[PDB]
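There is one chain below, alone, in structure tokens, taken in the form deposited without the ligand.
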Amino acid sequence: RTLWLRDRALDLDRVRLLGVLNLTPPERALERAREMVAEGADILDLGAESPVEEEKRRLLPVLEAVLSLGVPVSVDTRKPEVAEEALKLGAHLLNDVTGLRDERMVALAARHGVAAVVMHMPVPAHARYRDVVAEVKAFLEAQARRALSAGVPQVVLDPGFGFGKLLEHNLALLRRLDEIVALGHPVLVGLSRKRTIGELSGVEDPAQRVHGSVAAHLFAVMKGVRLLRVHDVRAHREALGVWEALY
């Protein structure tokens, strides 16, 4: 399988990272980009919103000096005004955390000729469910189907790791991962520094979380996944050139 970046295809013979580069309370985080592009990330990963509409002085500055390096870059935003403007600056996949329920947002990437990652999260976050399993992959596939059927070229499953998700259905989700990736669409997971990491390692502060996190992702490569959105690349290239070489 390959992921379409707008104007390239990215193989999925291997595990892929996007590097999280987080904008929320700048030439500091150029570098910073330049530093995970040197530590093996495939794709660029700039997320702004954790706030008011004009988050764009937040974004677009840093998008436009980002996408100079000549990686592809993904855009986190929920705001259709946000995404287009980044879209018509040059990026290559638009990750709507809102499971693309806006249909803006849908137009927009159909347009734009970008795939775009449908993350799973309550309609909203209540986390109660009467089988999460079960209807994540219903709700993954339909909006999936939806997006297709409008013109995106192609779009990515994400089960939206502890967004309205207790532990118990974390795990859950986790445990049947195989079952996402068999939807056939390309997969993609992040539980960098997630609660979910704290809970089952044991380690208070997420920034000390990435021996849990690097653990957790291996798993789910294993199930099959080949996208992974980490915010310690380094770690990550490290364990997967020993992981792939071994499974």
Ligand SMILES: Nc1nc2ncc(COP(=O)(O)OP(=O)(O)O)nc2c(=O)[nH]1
Contents of the next structure:
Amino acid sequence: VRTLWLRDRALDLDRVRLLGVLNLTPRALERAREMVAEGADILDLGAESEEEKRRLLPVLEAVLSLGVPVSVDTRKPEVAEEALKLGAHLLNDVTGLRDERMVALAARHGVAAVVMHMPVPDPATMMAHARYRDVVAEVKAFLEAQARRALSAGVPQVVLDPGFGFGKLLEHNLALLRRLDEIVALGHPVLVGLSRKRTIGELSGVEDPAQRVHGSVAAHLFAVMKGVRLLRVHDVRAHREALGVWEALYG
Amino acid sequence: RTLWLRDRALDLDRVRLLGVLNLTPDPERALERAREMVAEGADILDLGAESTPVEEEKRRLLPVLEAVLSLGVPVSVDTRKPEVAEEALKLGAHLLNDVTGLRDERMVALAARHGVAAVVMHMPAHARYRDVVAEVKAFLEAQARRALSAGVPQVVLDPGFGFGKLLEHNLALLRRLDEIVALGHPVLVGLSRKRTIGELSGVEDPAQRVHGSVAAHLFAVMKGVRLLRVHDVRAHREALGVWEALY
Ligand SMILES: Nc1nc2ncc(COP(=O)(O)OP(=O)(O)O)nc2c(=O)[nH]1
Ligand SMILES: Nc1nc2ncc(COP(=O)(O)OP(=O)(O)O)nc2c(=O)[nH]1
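Please show me the structure of the same protein in the form solved in complex with the ligand, now that we have looked at it in the form deposited without the ligand.
The next block holds the full complex; its first chain is the one shown before.
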């Protein structure tokens, strides 16, 4: 019944959908072609960590020719503007649409936006702000506030993401994971991204970030069991395979 | 709850892994493989020498079994022949894994004589059932009672995924796995690399079915299963680290 707006079409959330990550930070149309072949539903491109335009736009234009929905991971409006101008289908804002300029672009271009949580919009100081009295309550309050605001300003739809690994201690990431159902209960499609994250390395005992697929799949299946229908992942094939089994069983 | 392993007990407060060591073509590198699986977190080693082919050729199992037992890790012997089990049990085996479901009174007697737990797996092959779940449950229960009444200290039930079962049958059992767990005995399952996983995940090569296998096993864990028969021990160890911390 639930769907995700992608600028010119609606994507069914009757089954879990995957946002395959394409990181352009220090042609990738080929990596994009592979991810689609592997089952990615949306391609998430980001040159975040202008020089951002130089790295992102050229690739964005090439990948868009595949006809698959493209999400742009950027916090700078000047980038979003140009990304949507070329045809981006989804705006992924790690700073949670704090910037009105971002809200405006979304509503103007008629594109949904992902509101992710960060205690503070500054990546360099977020870890100094992981001191929530009640992390689940506070994240829900922030998400719901950014959502109502964005929706009233003309944003077609908003996807909520608790932002795992952003200004959060393991204790906080765990609490949010275990009570993820409470975020889904807010009524908006929920997106999570635990691929490669420190939380996974900590719980699975894997120090190398590129070797965390089994723990990430496990965390993601748990999230799916909690009602999440959108996953931001690196190993697209691993999740398509796992979901092929999980969705046939849990349902 | 706990699982009796001949001279020690294993708590099932967390999922336990039975690492598979296949000693069939369809030597010494095997011990190295066992040590690796132990290093990766395997709680028990399941050694088998007959695809599921002749009793005399115990040269397959015994030599390896003796060497592996020197690692101190509990060993499960996957054999359906009393002669093999007997020799395996006298050497120190800790668990009797019988795919023919303890139908042979001789294996029941031996298990009881050596005071060793036995795995009762279901296997009819002809994949036709009026009601596979009801039928598999009735078989597992009946055999478990036959075994306990004979002195077997404990019995582990296993629905035998893939054994004389089509996809529909394996799916039904998985979806109602809680009903098998509800029989009061520890439950073991093994879907690693099996056809069911290939069918659901769309993976042609059995050797590349780890992701689908882990997903199936986590579902089983959610249903109450605390014993898994796997090939990729590390993958399961990592996935369970996350899963058990969250669930
Ligand atoms: N909506 C959303 N966007 C995100 N962007 C970057 C990262 C962190 O990923 P990272 O370690 O930087 O690796 P990569 O960007 O290559 O995926 N996580 C999220 C997330 O969790 N949710
Ligand atoms: N208790 C128990 N024993 C078993 N022995 C062999 C197989 C079939 O596994 P297979 O694909 O042949 O691989 P391997 O026997 O090498 O482990 N499955 C089971 C099972 O599911 N449960």
